[PDB]
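The chain below stands alone and is given as structure tokens, in the form solved without its partner chain.
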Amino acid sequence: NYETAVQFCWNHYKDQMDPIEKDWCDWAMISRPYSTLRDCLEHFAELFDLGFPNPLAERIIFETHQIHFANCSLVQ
């Protein structure tokens, strides 16, 4: 079940992002837990023989941009 694996990826990501809400706009810093999220989404996509990117994975990507990065400054 890819949907279940995705929730696993998303919940691990949320666990990393929650304690550092003050630094969601620290681009170089948040790129690490974000990269793991992407690696996780791709890993299970491959495991379940689905393509990557796929719509569910892309909804997750849109979700973090909506809740974490949408109002961040691009610099400094």
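Here the rigid core means the biggest group of C-alpha atoms that line up within 1.5 Å when the two forms are laid on top of each other. Residues that one form lacks are left out of the comparison. Numbering follows the first chain given and starts at 1. Compared with the form deposited with its partner chain bound:
Taking a Cα shift of 2 Å or more after superposition on the rigid core as the cut-off, the single stretch of three or more consecutive residues that moves between the two forms is 73-75.
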Given for the second form:
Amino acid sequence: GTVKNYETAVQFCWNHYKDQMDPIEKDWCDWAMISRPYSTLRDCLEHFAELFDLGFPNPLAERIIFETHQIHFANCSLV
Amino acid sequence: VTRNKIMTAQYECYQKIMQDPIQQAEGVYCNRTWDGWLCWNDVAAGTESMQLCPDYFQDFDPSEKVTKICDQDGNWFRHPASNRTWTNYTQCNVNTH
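Form deposited with its partner chain bound, following the form solved without its partner chain:
All chains and molecules follow, beginning with the one already shown.
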């Protein structure tokens, strides 16, 4: 089991989200193409937050959601 | 549908948090934040923002209001129990009225 704490829980979520996004660099600004990995990332970060009894949102989770908005969406509009 | 309304609301909040930060504007205020369901704009300290309840759930009343306090130190009110930034959604449930 790779999840040994929230830290590793977040890595797990982040790496699974990255695996879903890399193959679609061109579609990053397309909701139909990203709504699932994105929605699935929220669910992951929140489900493990519950698992370690932390609230949601929580700092570590947002930092990660901040990350995707930097590296994946900084070039898109607000849609 | 509801999941869609939430991720969409969320993605936009963050786009703004990231791409439309308050520039200069010295003084104190609460910076834009995503409370998990609703996005809240930047506001001057000592204010109480408010909005209608999210159309997300069916036991929620869109006519009801939602509140969120930004204190005089420019920090969003935190609920005393867990002491995490807190939005007051206590009035959204239809049956609690």
